[PDB]
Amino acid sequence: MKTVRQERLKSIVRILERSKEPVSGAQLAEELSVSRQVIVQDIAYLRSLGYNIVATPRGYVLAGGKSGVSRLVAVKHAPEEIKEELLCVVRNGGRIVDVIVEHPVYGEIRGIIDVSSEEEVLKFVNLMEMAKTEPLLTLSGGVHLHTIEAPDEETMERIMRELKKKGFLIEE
């Protein structure tokens, strides 16, 4: 059944994310009441969808901390909307890893953001406002990319929906 499987896949992702240590396929099989082989197939499927799962000798590993899935998002906004954009992403369950923006000298520059909570967003903005350099998001008409991570596709989808509602997304 399609629904039975969607439920098992969601559980696998949650179990792997919650766990600090690797979780063996035998344990996932025991915990989900399916054969070891069903787990091998589920994991291959989850990976082809984008889940950053790795099979190590001691078990499957999938980073908790909202880093299950990753995606490049094309957005467009002024430097003053940075806070709004980050809050929109962290409040919806994800994290912003970095920013890529075209530059007239270096082709493109990649900067680090690394925020996954409202407090980190506020520390980033505060930190940014206290600094005295030229803004980067003034470059390229405000067009830039962000690598966004999320616990799962459902969450990633919610994040894209919200960014769209705020008019940040570039769509063509």
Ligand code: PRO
Contents of the next structure:
Number of protein chains: 2
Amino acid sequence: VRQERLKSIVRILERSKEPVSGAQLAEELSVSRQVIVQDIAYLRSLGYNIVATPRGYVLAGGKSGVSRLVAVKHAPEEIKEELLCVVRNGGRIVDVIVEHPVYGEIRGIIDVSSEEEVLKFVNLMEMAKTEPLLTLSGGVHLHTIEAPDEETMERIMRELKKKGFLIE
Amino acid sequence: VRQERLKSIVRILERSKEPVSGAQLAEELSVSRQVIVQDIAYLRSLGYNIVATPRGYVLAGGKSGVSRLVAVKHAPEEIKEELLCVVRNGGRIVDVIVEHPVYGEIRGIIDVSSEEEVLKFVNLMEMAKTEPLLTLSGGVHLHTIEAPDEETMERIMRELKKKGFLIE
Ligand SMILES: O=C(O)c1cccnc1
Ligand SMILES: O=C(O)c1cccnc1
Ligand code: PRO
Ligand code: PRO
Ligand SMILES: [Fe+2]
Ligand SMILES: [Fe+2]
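I would like to compare: after the form solved without the ligand, may I see the structure of the form solved in complex with the ligand?
Shown next: the complete complex, the earlier chain at its head.
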């Protein structure tokens, strides 16, 4: 019984598009909100990331996995192929790092985890007077890639290599 | 008498090319090194930056003054004119900052305070597969300039403006 209420609290937080207050949980699950307040503390000690906000609780992500630095080279027009490559294999492109001979290591935030975000990003970059960091670096540069597991990373690296992006 | 020993200790530290040990000061000024050790503590409380090292004392800089952010635009080939401009008016070019439309604010260390350093820097930059940050930015970029006083900064800004580098 307690386990079914616990499961239902999570369930409500993954599909609800707005923060859901303790009071709403109590009415939905026919317990007092004081009971809800205990259940939320129990679930966090378990490993769920529920934060309270002025409008109610929200379930947050975290639980990160593996990240690797990958060495690649490609032209400005190959950014879309590369990004879509990583994300379609369940990676996230954290950033780009160029090793600048004068300035040393120059970093750009990317944080691209989905297709929509790849297209938002390529659009911005293809504008006027905006050039990718690899143009400082004669093409060669680094990316920080994140993925759930080491298998997914290899998976991603396989695809990057057979497309011909890896520095090997 | 104490004042003349104090003056002579400083004097020795500005011209000596190697760290000069307490023991060397004592022999040079005909006091015990224990007296030297007191004089060094007296001079620091006064505002001199003497650090002890395994080989002896060295007098260090500090005592910084004013710094400004300056907005400029120029091509890659105009880097030497600009840098020599700032340093010849007693400024130091701390860095370059480009406002990248995608990545936001991208910074490069310059720390160029003398002519020799301007030429070392322009040489590096004029090589192959090394491009200045302003190439991401369609030319416009920022510099952090340091100078002894606010007068010197204006002095420097005057020169930058009449050469046609300022964004105004
Ligand atoms: O800024 C770059 O050079 C860049 C951006 C996205 C993906 N690869 C490189
Ligand atoms: O990197 C640049 O764009 C740069 C370097 C030195 C001076 N001005 C600009
Ligand atoms: O039943 C449980 O305890 C866990 C936590 C909510 C989902 N499953
Ligand atoms: O005589 C003094 O006290 C200061 C400190 C050394 C140089 N002049
Ligand atoms: Fe890339
Ligand atoms: Fe400049």
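Residue numbers count along the first chain shown, from 1. Take the two forms, superpose them, and find the largest set of C-alpha atoms that agree within 1.5 Å; that set is the rigid core.
Decide which of 49, 63, 81, 37 coincides with the hinge of the rigid-body turn seen between the two forms. The listed residue located at a hinge is 63.
Can you work out the angle, in degrees, by which the smaller rigid part turns relative to the larger one between the two forms? Comparing the two forms, the smaller part rotates by 63 degrees relative to the larger.
Give the rigid core superposed Cα shift of residue 42 between the two forms, in Å, rounded to one decimal. Rounded to one decimal, the shift is 27.7 Å.
Core overlaid, residue 104 C-alpha shift between the two forms, how many Å? C-alpha shift for residue 104: 4.4 Å.
Fit the two forms on their core, then tell me the C-alpha shift of residue 154 between the two forms in angstrom. C-alpha shift for residue 154: 0.9 Å.
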